[PDB]
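Only one protein chain is missing from this complex, and each of the others stays in its spot.
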Amino acid sequence: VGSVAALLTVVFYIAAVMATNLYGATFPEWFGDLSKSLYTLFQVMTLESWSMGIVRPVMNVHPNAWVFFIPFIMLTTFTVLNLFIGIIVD
Amino acid sequence: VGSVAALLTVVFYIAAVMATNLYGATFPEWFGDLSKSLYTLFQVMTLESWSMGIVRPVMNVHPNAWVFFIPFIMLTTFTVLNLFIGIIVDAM
Amino acid sequence: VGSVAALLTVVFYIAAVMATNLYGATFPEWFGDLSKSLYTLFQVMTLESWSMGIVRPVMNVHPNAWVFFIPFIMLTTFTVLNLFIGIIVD
Partner (left out) sequence: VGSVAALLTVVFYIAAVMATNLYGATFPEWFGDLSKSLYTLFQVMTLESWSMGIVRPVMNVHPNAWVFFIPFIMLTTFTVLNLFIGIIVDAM
């Protein structure tokens, strides 16, 4: 369970690094620094305005942004559900 | 578990085909090709702006669009829960 | 499991009747007939724009609308989760 939380932190930090690099210049309010990026990716994980509010406006500049977000959603919104269920069984 | 993923892909591809045909001309930004349709239906599945952002604007042109989306939501937002639980059991 | 689905249909139909009566005149696009009401309450159940998009605009006319929606959400977004989990265990 602890190793799952360690995996998620590593995946969340690396994805927030990638997004800062990728969309930081074009979308500075959402990904202009590591902080804004970790915040945005937590919101994207909770699925709040992920497509309409974030990903569709991004894809308008970077047409392949879905290659990042869709797997990011699928990975985190699974590992989070796995980590949370893990403590419930314990 | 693998058969569940195979079922979802088939259902997702066929639904994305149907939507492209149905709403592609009237709503081309959301369903104008298979790609835009698979993207939109993934978002509809995640329940993000499904009614306000997508389905209500669609229903304004096609009043019966709910016959497509509501069952699509009920089917996928169950099969996804079934597929994800399936791998979890494959550990215990 | 079947009795759970029968309970939800009864609760969903009665709540859609109540909403048509309560907010049908003031909010006719969302609750102007039984059909629009069953549609809106399915969306409210999925939690999509429930507060910002629906309930906050309603509460602006009917300040106690939260006495309807909040319990409706708590009841359905539990019974649905119970009904769906029921078949998974079977």
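First chain written, first letter: the chains are A, B and C, and each begins at residue 1.
One rule holds in what follows: a residue touches a chain if its C-beta (ideal position, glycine included) is under 8 Å from a C-beta of that chain, and two chains touch if they have at least 3 such contacts.
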Options A:24, A:32 or A:53, residue touching the unrepresented chain: A:53
Subunit C, residues in touch with the chain not shown (by the definition above): 47-52, 66, 70, 73, 78, 81-82, 85
Touching residues (missing chain, whole complex) on subunit A: 39, 42-43, 46-49, 53, 84, 88
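One rule holds for everything that comes next: only the chains that are shown with their structure count from here on.
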Geometric centre distance via CA averages, subunit C-subunit B, whole Å: 22
For subunit B, residues that touch 2 or more chains besides their own: 47-49
